[PDB]
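Encoded as structure tokens, the following chain is the form deposited in one PDB entry, with no partner shown.
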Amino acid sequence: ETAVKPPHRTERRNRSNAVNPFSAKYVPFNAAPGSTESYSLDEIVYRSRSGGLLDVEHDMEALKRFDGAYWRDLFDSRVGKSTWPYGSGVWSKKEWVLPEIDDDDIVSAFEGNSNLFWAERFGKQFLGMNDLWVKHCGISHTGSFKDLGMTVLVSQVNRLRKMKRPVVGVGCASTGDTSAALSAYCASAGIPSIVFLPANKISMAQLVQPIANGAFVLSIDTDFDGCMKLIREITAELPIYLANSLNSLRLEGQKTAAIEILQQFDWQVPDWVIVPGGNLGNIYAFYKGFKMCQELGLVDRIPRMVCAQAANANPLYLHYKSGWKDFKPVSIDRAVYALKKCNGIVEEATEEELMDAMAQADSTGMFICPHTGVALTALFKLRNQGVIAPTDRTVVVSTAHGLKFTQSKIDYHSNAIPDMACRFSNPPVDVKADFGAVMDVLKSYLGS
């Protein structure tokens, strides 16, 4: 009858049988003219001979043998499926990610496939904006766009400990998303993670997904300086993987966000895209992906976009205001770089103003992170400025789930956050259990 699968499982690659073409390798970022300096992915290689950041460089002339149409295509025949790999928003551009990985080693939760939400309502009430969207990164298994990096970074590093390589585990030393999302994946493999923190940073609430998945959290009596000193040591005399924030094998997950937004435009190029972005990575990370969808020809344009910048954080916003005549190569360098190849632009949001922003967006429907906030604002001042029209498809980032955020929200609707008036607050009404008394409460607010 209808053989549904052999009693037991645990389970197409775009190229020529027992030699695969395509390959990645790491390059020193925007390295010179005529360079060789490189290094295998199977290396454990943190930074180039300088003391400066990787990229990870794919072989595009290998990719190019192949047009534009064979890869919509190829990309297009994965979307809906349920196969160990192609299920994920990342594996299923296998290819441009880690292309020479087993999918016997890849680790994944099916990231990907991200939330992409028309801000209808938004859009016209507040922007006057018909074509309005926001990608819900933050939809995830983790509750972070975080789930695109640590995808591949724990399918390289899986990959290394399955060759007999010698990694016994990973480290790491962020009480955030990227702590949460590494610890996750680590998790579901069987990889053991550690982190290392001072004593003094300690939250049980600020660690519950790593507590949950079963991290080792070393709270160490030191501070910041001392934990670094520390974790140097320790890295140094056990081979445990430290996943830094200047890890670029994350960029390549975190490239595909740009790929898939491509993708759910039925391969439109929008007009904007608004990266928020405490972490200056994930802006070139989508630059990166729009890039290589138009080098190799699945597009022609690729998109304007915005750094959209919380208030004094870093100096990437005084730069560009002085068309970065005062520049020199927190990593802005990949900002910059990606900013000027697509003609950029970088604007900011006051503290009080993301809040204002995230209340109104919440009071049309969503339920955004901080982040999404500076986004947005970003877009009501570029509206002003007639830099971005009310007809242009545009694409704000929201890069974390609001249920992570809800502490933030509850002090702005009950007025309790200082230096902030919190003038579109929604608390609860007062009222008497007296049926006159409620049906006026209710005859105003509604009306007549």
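Positions refer to the first chain, counted from 1. Between two forms, the rigid core is the largest collection of C-alphas that superpose within 1.5 Å. Compared with the form deposited in another entry:
Comparing C-alpha positions between these two forms after a rigid core fit, one residue in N415, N384, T406, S38 moves 2 angstroms or more. It is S38.
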The other form holds:
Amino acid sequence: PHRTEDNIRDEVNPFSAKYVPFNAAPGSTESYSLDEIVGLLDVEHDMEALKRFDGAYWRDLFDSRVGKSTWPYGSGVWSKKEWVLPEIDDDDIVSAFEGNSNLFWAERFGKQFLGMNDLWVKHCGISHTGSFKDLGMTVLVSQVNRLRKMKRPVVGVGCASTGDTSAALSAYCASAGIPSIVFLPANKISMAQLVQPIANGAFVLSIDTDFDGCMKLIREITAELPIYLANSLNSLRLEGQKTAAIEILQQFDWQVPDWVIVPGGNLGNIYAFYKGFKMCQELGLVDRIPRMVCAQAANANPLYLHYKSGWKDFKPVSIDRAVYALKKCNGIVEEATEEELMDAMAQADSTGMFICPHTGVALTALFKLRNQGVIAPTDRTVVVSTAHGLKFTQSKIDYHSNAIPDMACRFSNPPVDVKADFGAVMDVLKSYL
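Having gone through the form deposited in one PDB entry, I am curious about the other one (the form deposited in another entry); can you provide its structure?
The next block holds one chain only.
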């Protein structure tokens, strides 16, 4: 007769968190009940309250929740609730038990292509929406669900993008029965790109105008209707995303890896991991944080240049957080060309994986840093995969059919045509074998 929510409702909160200006002096502070958006905001937890419990207490508390199907600890994010949204009521949490993603030992690729024996991939993309964003959306949508119930007018959530952010947002909104709206220029509508929000019941508007005319319409609409924008409560999603780092540690029985390579499409990622590794060390779960590499596609943004110039010319798509993080962990930034990224992807896939392009960027960077002697053959290294390879089948098909203009596709493995003659078949097989 009872659901898991009842089961746990059967059992003062010392923990809390608040918005704070990202990296400031004694500054100000906002509440999560508010919709502040700005200087970027950062979520700050009461470290004083948390330090009242030692490292062993936190390691054990979290480990005791591993493998459970209870509410809401069955989630890799909520199993660390005290460090994410300490004050939310379990009744408001919107979760699909995201997290607890596969931590894969890349034995063959590590050894055959990098002379490594301890290379791993954190498959954040192996989840229900096929994206790392689910970790952040469970937090954002839960908070929105909380505010909604406190009768703080919130008729729905809005979004103006067509990628993974939108897919994860609409999936969680649908889960809580919260209206989800997607605002897009008609010429940007692609059934393929919108398959998830669409399947998830989102209200997708094909507006006859351009991006600018669209942003203008959104601003006007949200100005008169209680509709929060996806990338508005951006700071909140990092609280969910940072648990992936805590998870890596937990999965290694609380041993800190030497290197963690994070593909930086969204530069908030690297900061989220840093935030997660950092909270673990500050609270004594572990004694150190790993050095991190921000792997970027060539010419994606000025981050790589600044890194090469020792950060000297850096002045606070917003690389502030990434710079801060990399500085704090003696980090590094490396690039990968379109062709390196794709060839690395084909090489990884040839060893049995089925990765996303970003992971190709991460592995290219790993290759380079290996040659440069920065990363040792025996360094325990973790590459973060943020999206399921299945989302990039067209790209793989193009590469393997040598259909990518201005690229050799040197590792393509197209089907081999052969006549239905025992002799002919035996000959091609003989060569292959």
